[PDB]
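Asks: One-letter residues, chain by chain:
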Amino acid sequence: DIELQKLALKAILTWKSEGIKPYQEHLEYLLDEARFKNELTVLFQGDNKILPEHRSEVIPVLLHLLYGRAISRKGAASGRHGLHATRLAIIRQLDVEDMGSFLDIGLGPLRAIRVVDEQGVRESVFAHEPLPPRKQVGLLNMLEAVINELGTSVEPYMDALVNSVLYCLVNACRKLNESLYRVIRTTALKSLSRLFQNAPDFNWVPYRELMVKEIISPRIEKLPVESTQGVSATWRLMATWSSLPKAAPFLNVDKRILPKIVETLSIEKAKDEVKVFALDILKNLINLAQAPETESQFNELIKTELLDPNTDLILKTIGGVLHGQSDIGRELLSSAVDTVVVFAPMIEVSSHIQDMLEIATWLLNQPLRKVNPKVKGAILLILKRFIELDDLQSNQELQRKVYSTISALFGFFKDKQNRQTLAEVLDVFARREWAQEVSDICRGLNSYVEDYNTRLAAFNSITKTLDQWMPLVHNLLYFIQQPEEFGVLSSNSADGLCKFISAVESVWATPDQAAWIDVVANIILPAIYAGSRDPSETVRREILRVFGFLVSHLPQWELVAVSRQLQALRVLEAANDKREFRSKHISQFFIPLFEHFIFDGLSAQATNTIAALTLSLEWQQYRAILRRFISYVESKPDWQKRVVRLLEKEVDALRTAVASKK
Amino acid sequence: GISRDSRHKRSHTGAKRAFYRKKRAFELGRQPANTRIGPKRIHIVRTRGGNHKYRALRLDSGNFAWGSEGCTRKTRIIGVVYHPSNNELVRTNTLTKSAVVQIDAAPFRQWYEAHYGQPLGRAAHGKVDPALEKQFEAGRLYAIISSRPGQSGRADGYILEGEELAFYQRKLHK
Amino acid sequence: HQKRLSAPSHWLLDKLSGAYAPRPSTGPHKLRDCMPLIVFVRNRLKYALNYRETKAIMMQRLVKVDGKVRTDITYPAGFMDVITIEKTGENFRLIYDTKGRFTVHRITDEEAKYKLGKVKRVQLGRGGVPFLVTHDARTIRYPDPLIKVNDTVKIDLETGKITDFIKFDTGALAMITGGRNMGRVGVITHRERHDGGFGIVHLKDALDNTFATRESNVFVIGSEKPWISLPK
Amino acid sequence: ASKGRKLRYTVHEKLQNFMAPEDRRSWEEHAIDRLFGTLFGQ
Amino acid sequence: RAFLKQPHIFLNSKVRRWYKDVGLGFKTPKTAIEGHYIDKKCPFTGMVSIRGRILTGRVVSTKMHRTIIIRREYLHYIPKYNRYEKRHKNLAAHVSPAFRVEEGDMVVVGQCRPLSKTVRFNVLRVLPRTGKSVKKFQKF
RNA sequence: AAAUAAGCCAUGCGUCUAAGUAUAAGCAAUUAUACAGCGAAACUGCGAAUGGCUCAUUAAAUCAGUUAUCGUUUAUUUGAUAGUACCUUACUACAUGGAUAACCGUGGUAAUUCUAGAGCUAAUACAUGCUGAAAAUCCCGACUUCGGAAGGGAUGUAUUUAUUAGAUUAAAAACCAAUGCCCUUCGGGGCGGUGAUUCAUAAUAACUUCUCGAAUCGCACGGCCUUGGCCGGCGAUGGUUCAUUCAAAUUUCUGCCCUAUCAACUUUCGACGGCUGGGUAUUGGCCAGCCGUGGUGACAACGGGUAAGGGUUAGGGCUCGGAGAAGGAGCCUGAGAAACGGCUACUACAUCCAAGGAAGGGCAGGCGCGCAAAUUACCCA
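Line by line, the protein sequences are chains UT, Cf, Cb, CZ and Ck.
Counting with the deposited numbering, you get residues 934 to 1109, 1126 to 1382, 1384 to 1400, 1407 to 1420, 1427 to 1522, 1547 to 1586, 1595 to 1656 for the letters of the first sequence.
Counting with the deposited numbering, you get residues 2 to 123, 151 to 202 for the letters of the second sequence.
So the mapping is simple: the deposited numbering equals the position in the third sequence, first residue as 1, plus 7.
So the mapping is simple: the deposited numbering equals the position in the fourth sequence, first residue as 1, plus 537.
Counting with the deposited numbering, you get residues 11 to 25, 37 to 161 for the letters of the fifth sequence.
Simulated from the structure, these hints should not be mistaken for lab results.
Ideal Cβ placement from N, Cα and C applies to all residues, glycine included.
Honestly, I wouldn't trust all of these hints.
[Claimed, not checked] Reference excerpt, derived from the structure (chain Ck facing chain Cb, CB under 10 Å, subset only): (1) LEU45; (2) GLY46; (3) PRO50; (4) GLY73; (5) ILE75; (6) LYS153.
[Stated by the list, open to error] Listed below are the simulated DSBU-like cross-link pairs for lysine-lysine, each with C-alpha atoms no more than 35 Å apart in a straight line: (7) CZ:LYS551 with Cf:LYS23; (8) Cb:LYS127 with Cb:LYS10; (9) Ck:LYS61 with CZ:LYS540; (10) UT:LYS949 with UT:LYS970; (11) Cf:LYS202 with CZ:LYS540; (12) UT:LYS982 with Cf:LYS17; (13) Ck:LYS138 with CZ:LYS540; (14) Cb:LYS37 with Cf:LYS54; (15) UT:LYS1325 with Ck:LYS48; (16) Cb:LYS174 with Ck:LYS41; (17) UT:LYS970 with Cf:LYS98; (18) Ck:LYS51 with Cf:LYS98; (19) UT:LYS1461 with UT:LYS1363; (20) Cf:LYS199 with Ck:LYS138; (21) Cb:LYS174 with Cb:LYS71; (22) UT:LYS1068 with UT:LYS1162; (23) Cf:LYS17 with Ck:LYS24; (24) Ck:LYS48 with Ck:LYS61; (25) Cf:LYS199 with Ck:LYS61.
All chains should be built: construct the whole structure from the sequences, respecting the hints.
Replies: Printed below as a string of structure tokens:
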């Protein structure tokens, strides 16, 4: 009460001591209710600081008064800015040495309390109340402010704060009157979650049954069904437990904790963040197991007591998550894939590696909107670690399927380090098998990653067999797609591709006439179709080279300078009208090449060739083709005459087509 | 006599003009507030629309933003270091906007050792630019004033960090 | 205290009401787009004779304007305010004519219950809530999320909520409430943007007269759908 | 050049005849010029 | 001098540039997109907003600290002669350093808030022409 | 129904509704007595940015059309509007304070509320303002019988500053070549606003000698029945923010009459910028520090002369259109004034007096020779 505080301060000043004498004006303004926040920063950080000679005289009086001002409910507003910032602005400016007397006036009956004895739990203390459930709430809010304002400097005051917070916590955990005990529980758990990473060197081993009674009794048999919505204070506590190296031995006391924590990951109706939170708890556990000599005191305990009997259920939950739902967040995907990345060099034997390899190749045949390429490189590292377990010999259809994926990601990636690790996962593939052949592919792609002289050496050595050839074809079309370092790489890749298709036309035996011909369709022909739109003229030249080699060597396959350029275009005109053509060839190879011919009598000759080909393609392609050309009209104001000449030629071809089809 | 009209000055073509009209209350401009360092002396001015603006003439403390970490604290104001406009404000210690002034560092130091825990100025996310670390070892940081003290009644602002900190150290050396 | 000739030409006064004219008090509708209640009662309808008689009508709760009792005499009632008199059992509505003047329309409760108001602006108010401002300065909290600017709304007038809305459309018939072609009920057939200020629409009547009016001066009344009874 | 910074020596009109010169000096003008010679140098 | 800055953008973080489009069918030049000058009366860097009138014309004097004067010519109708006469006016506009400046060119300006006693306009588009000195005439 | 003066001379001159405060020692009463009806005095709220007078003038600066406020203030209007508890007083608190006016008395002085002393008493005047209660209120919701919910997070507003979000992804290496892919009967089927903003808005961290979140008045008086209450309606007054209206302030292009016995002008109160701040309701050389070299002009700047129209279209008519309150100088109120309504000092007139002191600064009318000529009219209907 402000009036009783004023009269009490008047009596304290009636005690006439020279320690209080120079500070009376600074004292009374704290009880004047309009100047409290200004008088606080007049007292501390002022020219009239408290002198350390009579600091011993003023500080008990001042701290009783500041305590009363922190208690008083009248002048304070609502919300946080009402009185929460007042408590914070007192405690943030108080010294850590005065804070002992501050908590001494804070804890009245709980000053000399003992929670733990030589035995486990003091039930005689716990079956009694010294404070009202109204009164413990302000205590816990104050100690939360004290800890959040102190930080490490709690180290000289460890022996009483933890007894207070533990007493209020276990009285709440016995009382599960609901609301006050519930808020007592939640704010005490927040205070403890701060206090743990406040104090690393304090000894937490004389009590373990208290964490047991705080955890295993109310929650754990229902904990994922509860935590399906949002992160809680128990999870906030287990997080800094997983972060601290001496607190991870609290998770071993009940064996079923980590089962329920990954069962939370198993429940699919969770709102993504409790999932990534449990995922982060697991990240911290595996990082602590991988840490050096500091965490090696309990490394063996977490290795042999926590993760080793629950590897199987961990992989089962991650498998159900990755194969179950149709909608997976990118944050959960990247974080869980990073957990499997860090968890793979921890397991030596396990049970569900067949499943996990099939999961990795499923997530690598996933598209690019669902899975990032950085995430694909992390699943590559997953492949690199999981492949060396002796598993691919049985279930050989799985092993051919993952080899289809390792080959498929060679032309996909654009990063040197990812291609290095790709060469490594193919190396341990080769160590696990056929074996000489995959080792030959290994040395080939190895000196492909290797710099320009070793690269051309690789190209020449490969220049000098189906599953042998397929990864070389994928990385070879990638080495087509590079424009130039000196221009030599695309030429060498084109010559190697010519060697490959020469081997294909060398094999015309019928059960391989199925396989090699399906390969040279599905891998090589859309590669040439997509590389037709490449703006580099040397890349267009080399794709022209391999396509001319294909037409010259193949033909039994059913699906197949200025003046010389004009001459070849006229011969292509005549060849068109003599033989109409294949429509997908016309749509996806010749038109963008001639478009590039225009946009780098060449232009009119090009429009003549497109006006020839528009008769030979089909209207369903022509619809979107014409729409792309009007898109060129509206998007390109740079060559209006050229695009409109092209349009006039195409509509003359349109009227020709309709007049023929009548 | 202090006003805001343009009737006394010459035109764009270089001509003066008579154009004599009396000074009006919407051309009103009041006398400047040289906000200095002292205890709090603020006078409240009522203005058009009945709206109050707080003319602060002597100020002690304001809150300053160490916002790269996420805090702002109320600290006192020691003395103005440099001012980009005038030298007389540097001489007579006048708090205006865009004034670089040195402030106390104790609540920022307290919040650093309270949140992170590694002490400062006496793992990897707690990281301090070594120039700013020298300011913390001095116990007196170089803040800059972003609030108008005359037309709001408080001298608040953000702390200098990085390139602006080095720029105003070089300008102090100038 | 303006003179009878300086009063605008669309709330009519004859050679009778003295040389002076009442000014409208400040309110929802504008000054020059306004009919005061005294001009509506004693100069248009002639239910009264004098200022004191108009006061003796207004002060007792006998005249309700937009469903609420309006006490003061010079209360502004510009456009489409339903005016309910219960002792006579009539509800009048204010529309325009083809020449550009105010027109009164007698009607009963079924068409008297709703008001067709043109949206002035849509915004996000305090509390993070979208709100809607009409030309009657009615703000509606939580509107329908397609009702954009220059759309008209059927306001309930017993709760004030939205009931229906008509979109700004090239092919929806409209009413002109300003400009040199004021008061011409016709169909919006074209709309030109003119970004940089003062865009226009091109509008034709039922009988082929094209003219360009500004999108501020337009006012949507219905595609065919005469939701208020224009007088036959 | 600018606002006031150069001493424009102009005879000011209302500033012209403010104060009369009032010689209030209790010393007799013959001892004073002998004083300013015999400072720290002499 | 003080360190120039874009007024609310947090540069000193240990964990960009604000350029708005003026609109009105205009394109931001590459110097206004990335060029490291800082000017607060620039409509692409500072907070100055263009609205209202949109004018054109030919520069008289480029040689000035980011302010150009435009001679605007028009044909006035004198009724005493019943004839058209040439009348020249001089505008002032603040110049961003984003564009490449020439003398005698035809420049597009836009209306903004008053930036000085004369300056009410900013440059938005420059048409590089071979226009000559004061002897040259064209209504524009 | 038309009807020079300079100088003399007299006379003439706010605000109350059922709805803030009534113990008038004020009137008028009775069938349940704090008050009840009428209600002077006084406190409280509103009002006087004008009705209209005088006279050295204002030469695209006003003004007119024509823009803009993404550069600003707005009482009143009318419309929406405010989720903000707990948080060590508990061995507590739970019908909130004190002032004054009117009034009653005792007076002083030549001098009217010019006022002194003494005693009261109210507020929608000024002012504080944890509490019945173990709950309250927002966002999520597992499980689900529409069941309605186990249990998880969280605790306004105004100012000022820093920061983040202002919206599908940024390894954006995506979406765009759906020019496909599959089935099929070959017909087919399936796969916030703006032109624009750092705008509006939301959040974190704090900050304020900082506000608001109703301790008010009138009228009806109904449901649940713990018959001890708990709920309840219509208004008046008041309140934060956003509107809207009424304004005000700037601001963009064009348009004045004549003149070269006016060709240089500005920098002679900075003249043109840009940077930084101050002040303003806001922009702005508007003002202060730093520097750069300008700006206008024979296409008529500048100076000089003083003789100071627009819209409505048969027509005429009709409509709209700077400086002072005895003289400079400074201040006060209010949403709006540099009110001239007040104050202060100086200057200049002038009045009463008991000679100590004290209040105050207009127009209209008649004469203007000794001889002359339109009412000192009545009412807000």
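Asks: Which constraints among the numbered hints does this structure fail? Numbers only, ascending.
Replies: 3, 6, 12, 15 and 23
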